[PDB]
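Below sits a lone chain in structure tokens, taken as the form solved without the ligand.
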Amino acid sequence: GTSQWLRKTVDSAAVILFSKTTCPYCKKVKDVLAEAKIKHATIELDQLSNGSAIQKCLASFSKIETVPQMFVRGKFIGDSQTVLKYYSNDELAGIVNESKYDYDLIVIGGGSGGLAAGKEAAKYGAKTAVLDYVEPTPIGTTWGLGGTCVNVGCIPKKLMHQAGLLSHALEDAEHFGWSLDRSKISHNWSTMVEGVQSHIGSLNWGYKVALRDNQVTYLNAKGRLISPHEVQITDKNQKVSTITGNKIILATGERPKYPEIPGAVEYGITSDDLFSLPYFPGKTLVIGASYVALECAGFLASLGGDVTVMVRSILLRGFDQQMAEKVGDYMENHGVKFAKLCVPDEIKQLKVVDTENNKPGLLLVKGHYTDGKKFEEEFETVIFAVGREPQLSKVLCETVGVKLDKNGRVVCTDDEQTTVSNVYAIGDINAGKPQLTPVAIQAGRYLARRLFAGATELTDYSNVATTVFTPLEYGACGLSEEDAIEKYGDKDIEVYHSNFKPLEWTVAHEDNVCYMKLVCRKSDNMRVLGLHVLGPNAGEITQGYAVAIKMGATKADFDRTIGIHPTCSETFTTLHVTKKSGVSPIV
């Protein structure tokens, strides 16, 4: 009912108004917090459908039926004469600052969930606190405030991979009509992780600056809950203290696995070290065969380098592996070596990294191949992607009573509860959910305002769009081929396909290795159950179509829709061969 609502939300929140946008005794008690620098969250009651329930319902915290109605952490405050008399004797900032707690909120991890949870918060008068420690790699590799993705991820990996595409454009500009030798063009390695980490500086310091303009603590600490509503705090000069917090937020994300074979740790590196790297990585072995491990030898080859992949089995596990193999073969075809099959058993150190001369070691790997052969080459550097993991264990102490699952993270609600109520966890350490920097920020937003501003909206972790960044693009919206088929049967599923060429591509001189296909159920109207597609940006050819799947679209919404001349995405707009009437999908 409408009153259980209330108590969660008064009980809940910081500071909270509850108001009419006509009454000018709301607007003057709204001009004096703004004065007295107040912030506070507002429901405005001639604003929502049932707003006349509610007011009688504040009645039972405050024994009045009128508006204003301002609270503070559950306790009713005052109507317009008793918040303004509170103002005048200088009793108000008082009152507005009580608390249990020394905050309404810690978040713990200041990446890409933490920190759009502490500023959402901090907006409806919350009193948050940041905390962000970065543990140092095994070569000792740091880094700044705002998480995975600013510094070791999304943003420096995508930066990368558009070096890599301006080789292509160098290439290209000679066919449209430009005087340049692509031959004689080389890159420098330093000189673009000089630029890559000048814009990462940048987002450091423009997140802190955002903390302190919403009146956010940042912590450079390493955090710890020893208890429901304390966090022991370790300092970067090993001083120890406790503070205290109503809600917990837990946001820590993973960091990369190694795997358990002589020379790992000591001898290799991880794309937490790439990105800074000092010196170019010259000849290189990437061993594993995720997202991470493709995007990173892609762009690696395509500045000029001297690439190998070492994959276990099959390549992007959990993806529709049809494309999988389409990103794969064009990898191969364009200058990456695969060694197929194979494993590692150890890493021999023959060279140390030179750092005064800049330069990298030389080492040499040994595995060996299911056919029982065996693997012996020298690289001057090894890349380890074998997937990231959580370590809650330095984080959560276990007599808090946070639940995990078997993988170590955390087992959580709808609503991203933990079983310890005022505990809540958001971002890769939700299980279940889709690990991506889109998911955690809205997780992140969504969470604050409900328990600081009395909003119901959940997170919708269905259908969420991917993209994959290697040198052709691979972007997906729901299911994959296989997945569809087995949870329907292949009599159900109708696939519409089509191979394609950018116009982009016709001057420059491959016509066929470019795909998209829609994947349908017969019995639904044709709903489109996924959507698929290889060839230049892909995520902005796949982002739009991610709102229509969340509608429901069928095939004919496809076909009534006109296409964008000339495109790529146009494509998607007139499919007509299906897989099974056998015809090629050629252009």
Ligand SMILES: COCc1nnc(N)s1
The other form holds:
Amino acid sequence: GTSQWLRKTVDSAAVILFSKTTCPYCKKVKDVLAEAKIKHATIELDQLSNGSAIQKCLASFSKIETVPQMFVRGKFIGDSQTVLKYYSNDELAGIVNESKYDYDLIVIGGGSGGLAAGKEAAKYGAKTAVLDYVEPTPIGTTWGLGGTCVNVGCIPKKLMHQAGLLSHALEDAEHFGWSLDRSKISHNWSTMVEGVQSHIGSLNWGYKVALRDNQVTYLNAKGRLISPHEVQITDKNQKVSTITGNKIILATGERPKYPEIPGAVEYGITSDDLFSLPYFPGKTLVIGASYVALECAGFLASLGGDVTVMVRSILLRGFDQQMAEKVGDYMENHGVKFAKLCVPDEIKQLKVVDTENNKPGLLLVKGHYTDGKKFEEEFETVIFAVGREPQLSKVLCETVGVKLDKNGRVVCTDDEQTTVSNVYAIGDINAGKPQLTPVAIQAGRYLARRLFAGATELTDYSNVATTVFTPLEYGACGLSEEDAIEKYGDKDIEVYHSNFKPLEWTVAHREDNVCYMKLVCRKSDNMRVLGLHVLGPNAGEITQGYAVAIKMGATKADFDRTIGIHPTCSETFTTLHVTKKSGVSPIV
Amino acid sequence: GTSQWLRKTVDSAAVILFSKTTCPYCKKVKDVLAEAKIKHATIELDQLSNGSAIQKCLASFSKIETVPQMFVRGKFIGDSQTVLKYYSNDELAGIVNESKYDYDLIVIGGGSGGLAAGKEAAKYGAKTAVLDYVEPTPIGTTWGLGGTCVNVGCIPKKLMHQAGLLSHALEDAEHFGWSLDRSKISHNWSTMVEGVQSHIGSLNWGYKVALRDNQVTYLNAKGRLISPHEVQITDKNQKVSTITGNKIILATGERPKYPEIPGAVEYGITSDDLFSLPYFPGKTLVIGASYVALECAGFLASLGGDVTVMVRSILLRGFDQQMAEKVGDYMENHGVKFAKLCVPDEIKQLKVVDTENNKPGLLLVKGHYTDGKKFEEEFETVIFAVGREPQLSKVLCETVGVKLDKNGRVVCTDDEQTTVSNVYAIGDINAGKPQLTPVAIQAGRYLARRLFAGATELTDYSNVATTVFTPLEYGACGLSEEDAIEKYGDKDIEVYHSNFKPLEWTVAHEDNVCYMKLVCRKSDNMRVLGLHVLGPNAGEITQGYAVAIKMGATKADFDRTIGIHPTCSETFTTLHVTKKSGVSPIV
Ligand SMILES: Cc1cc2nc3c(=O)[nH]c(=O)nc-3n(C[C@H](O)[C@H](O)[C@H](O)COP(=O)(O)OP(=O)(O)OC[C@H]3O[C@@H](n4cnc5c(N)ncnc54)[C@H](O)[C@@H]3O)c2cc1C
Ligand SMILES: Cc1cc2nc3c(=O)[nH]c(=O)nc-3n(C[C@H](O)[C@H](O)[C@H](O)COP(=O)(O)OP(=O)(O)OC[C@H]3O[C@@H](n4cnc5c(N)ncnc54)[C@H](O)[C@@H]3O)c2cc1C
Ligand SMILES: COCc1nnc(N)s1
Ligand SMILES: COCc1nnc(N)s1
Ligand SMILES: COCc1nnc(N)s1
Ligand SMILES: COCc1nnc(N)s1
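We have the form solved without the ligand; now please give the form solved in complex with the ligand.
Next comes the full complex, and the chain you just saw is listed first.
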């Protein structure tokens, strides 16, 4: 029924007004609340299909059936006359601030999702605290508010990716008639790092301002859920206390793993350290083969570093393997070396990091290949990118009763709820969800709208598009080719594909047949597009809009009947015709 | 119903075979035709939903109801025994070349649409000729096969744009840590033009190879339609002759206009001349305000030139006017000067063009502003971008009966047919269609499939997306904002909008110049009627969304899709400020 919607809304909301748009009785209660510096949500009943039934159900609480009606934290406050009887008597602040807990909402985690949920909750009148603390890395690195993307993730990595792209810009400029000689131009690592850290510092500051201007309490404190409604916090001075909240959101993210081998923690670094490193890495070994490892190797080479990637098995496990091979081939051709089917055994120190003179150390790496032969080479810097994990034992006492999966992530329902009914989890620690910043933001915002404004919208987690920012970018939306075959059978999968060449590469004398795209389609379902894949420049900008068409169920015919924009790389999707079954070449 | 399809299909097809995939007798006839190099179309009756009706209806032509049946130019040739008999007896080649006309298809015009139409028809066995001739510009400029885009349009204009974009990329490089100093780097015009002309030459060559390998006859001759089936050709040696064809496609495009003022033809140039000009233009006056005018003024500025645009009234007439003003404001902050509400009266010559030393001349331009005040300035080069027109009197005798609208364009039904039943028109001269290269290509290809392979798919001309390649690009798909209010009323229109800033612009040091909006319809589930974005890589951004708009996308379809981070395009997935709210769109 409607009755248990209405009654979840009233129960959970902080301050909420049931109202209508034509009623000037409601319009005067609003203006009172605005000037009184009171935030609230507002269900306009004349714009809901079944506003009539809701008016009746309000009477179960208030014994009346008209509008406006104001509730605070589950209790009916009054109608239009009673609100002004409280206002002019100056009894209104004591009533709107009445609560069994310190906060309506405590977010443990000040990253992508944490800050996004906190700000949206506060819009609708919820008393909100946001906790953030950055445990330092083994060598001591630390940073400010905003989470992993803002400080040591998407933002600093794409900015260094852009710095790497601009070396090809300097090469190309010669052929388009500019008088520079790229031969005599070199890169300065620490000038880059200063500009990058300057931008991050402005996001740190901007988030503190945003929280302040939304009346959100920010505590730079480590938090721990000790009971369903109690969060124990620790100061920067080591002072412990306890705060209480009605709803809890866990949004604490992950940190990089190290392999269990001698020397790794003591002498290597991870991505957490790379984006503010005060010396150029020098001769670098990257261990691992995820998108983090290949993206960092890619711009290290483009800035002129001597870069090696040690690969256990394959590149980009979980991604379309034909495209992953195309990515790796391009990198191998443009400076990155690979040591294939190889694994490390220990890291030995030969020289200590020189802090005063700003120089890396010197390390000796010992490893072995799957056949048996030995790996032994010296590097100045060794970077581990062997995956990320959460440490929920630090965040969450086991007696609270929040269930975790065998990987240590939180098992949630489809509306982010944990096994404890007032506790939710969003972002990287939610089991089974894609680990991406815009996913966490969308989840956090939609959930706050459900707890405090009566919203029903859920987050849709399927067919979320991605881009890997390797020297040649790789964008994808949907199934990889081998997953669609495995799920529907090779006879039911048709794949259209083609090479291409950006117009911008013609005068520049770049390669003819390295850029590549394909559509993986289901025959028996009107050639429905199951996955889209593209290797080339600006692959993120290319892929993104097609994610809407695929969310709507696009078919091959939908692509055929749409006309291209000329000249672009993206238009090549609108005229594809060569099937893989056919055996015809895809070259240009 | 099905009946009238199969009679239209049999009459216009050149060589066509009706068959079934599972039939070894049809396979036997296919294998004979491959070996004899006899190109043909093929209808596979067992993959069509009314193949049974078609099968019975073939008997009205062939007095049989079995497959495989082969036709040539409206005549039943036989079943598998009759065809093999012809093969074995050496009679099959003469039968399949029997024609009342010289060609199954004559295309007049070897540009974007004509080449696409020509190459596609040949795949189905049509005996095809393609005609192309380039009348020179007033100063003598001419070029090779491929049309306006390939030679004096999209392809050279975007390479030159690209040259201009690299100048800001050299600036940005310093801030991201590269040692270069932008201040001591300069641009060589003739080096660029050589690289551009070299790529165009490779396209000229590749199209000639393409026509050769499809057995299309290429005649570098001017063609004129003198009767429904007769095309008069004139040689590069002025030899005149007449060829005949069953179906005629007109695809002759347009050329730039000149204003009727003294000195304009004698001392100015147009875009036709600019992309192969041997000298740098110098101080340039661009007259006009279309996307050609603004794109060219744009890269000439970025390459270091002193550039002025003379605007009669507004910029980008017919495009969303708020977006056009943003496009022009950005150009004005980055070098381009504007002479607003202004029109030219005459061009006077001060220095002739110096061919020996490779230098432009010198000109005095006189004009007036709308209030009467006078304009008088000196420039080395004057570029007219005051529109384009067909000249179908050069193409089409009046007595053939092909009807034209009041602009001289061809009035066509929604299958590209003219008032004469064997004559079709495609591309720029098709009245009322967006004048774009992918549109011409799609129309020429789809039409050839209907004339010669029994296809029925029409070309969809609605909601075709565009990009204007100004220094900051402007992508668009669907109705402008003012157009949508005119059609549905202000109360039924919601506009969501936001400024944004590329991540690449942060370390490189404007905050709120990039902009995008969605124009929606309240009473139709908030249906997206127009998408607009100003920013970098706007074509790459806009294109994919054109599929979702074609499928009828709403605001909720945009909200429920997750973004790709960090990108510019992802800002479309989280828009929330409305124009009626009065809230500011900056970030
Ligand atoms: C190198 C790298 C590059 C990436 N690039 C991209 C990209 O291009 N695009 C993309 O979409 N995603 C990218 N990601 C993934 C993206 O960063 C994550 O999906 C996202 O940051 C997860 O958000 P979150 O809110 O769940 O966690 P986080 O952003 O990690 O925020 C959690 C915060 O809570 C803090 N915290 C932890 N424990 C406690 C505690 N007990 N008390 C208080 N605070 C605590 C953490 O220190 C942190 O500040 C990248 C990740 C990495 C590592
Ligand atoms: C500066 C500029 C930039 C442009 N940029 C873009 C862009 O970025 N994207 C886009 O989509 N569109 C762009 N266009 C438009 C695009 O060029 C046209 O839409 C396209 O060329 C139309 O093709 P068409 O086949 O109709 O004609 P055309 O390509 O003009 O082909 C006509 C051909 O027929 C020849 N011909 C004429 N008369 C005869 C005759 N009697 N006998 C034989 N041959 C004859 C002509 O000389 C020419 O070779 C641009 C146009 C210009 C001028
Ligand atoms: C539990 O760690 C104590 C803390 N140190 N710095 C903070 N900001 S909180
Ligand atoms: C998830 O696998 C982590 C690793 N990758 N490369 C290694 N050598 S260990
Ligand atoms: C009037 O034009 C005669 C020509 N015909 N084809 C050429 N190449 S010159
Ligand atoms: C034929 O000329 C008409 C014009 N169009 N734009 C101008 N500035 S003058």
